[PDB]
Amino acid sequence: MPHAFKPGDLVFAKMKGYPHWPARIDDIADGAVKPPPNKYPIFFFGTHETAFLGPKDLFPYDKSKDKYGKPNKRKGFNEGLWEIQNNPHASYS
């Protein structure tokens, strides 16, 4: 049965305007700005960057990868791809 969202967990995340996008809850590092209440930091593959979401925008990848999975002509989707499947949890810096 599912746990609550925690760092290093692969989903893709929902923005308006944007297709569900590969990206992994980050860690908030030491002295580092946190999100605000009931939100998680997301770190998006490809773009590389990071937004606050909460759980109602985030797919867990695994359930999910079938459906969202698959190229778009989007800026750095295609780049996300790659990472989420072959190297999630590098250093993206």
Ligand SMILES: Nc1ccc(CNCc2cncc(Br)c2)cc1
Second form
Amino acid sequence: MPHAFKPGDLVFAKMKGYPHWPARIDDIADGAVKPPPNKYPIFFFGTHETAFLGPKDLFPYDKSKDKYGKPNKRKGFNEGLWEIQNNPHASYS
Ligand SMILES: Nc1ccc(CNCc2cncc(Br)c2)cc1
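Show the form solved in complex with this ligand, please, because up to now only the form solved without this ligand has appeared in this conversation.
What follows is the whole complex; the chain from before opens it.
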């Protein structure tokens, strides 16, 4: 059965203006800014940016990869697809 999102979970994350984007649930460092209520730090593969999103915008990776994993022209997208498929838990900073 599913659980609440935890650090390391792999998703596609949706933001307005962008296709569903390969991402992971990140940890919160000490003293860093914490997310708003019921939001999570989302690390976007490829672009290597982080945003706070809620679960309604987070789609578990294996269930959604057939629908959202197709290559496209957006900057960083294809590299993000490679990262989530080949080394999704590595350090990209
Ligand atoms: N605070 C904040 C504002 C906007 C952005 C969107 N940046 C472009 C982008 C990069 N990777 C994945 C996607 Br989807 C979109 C991110 C964070």
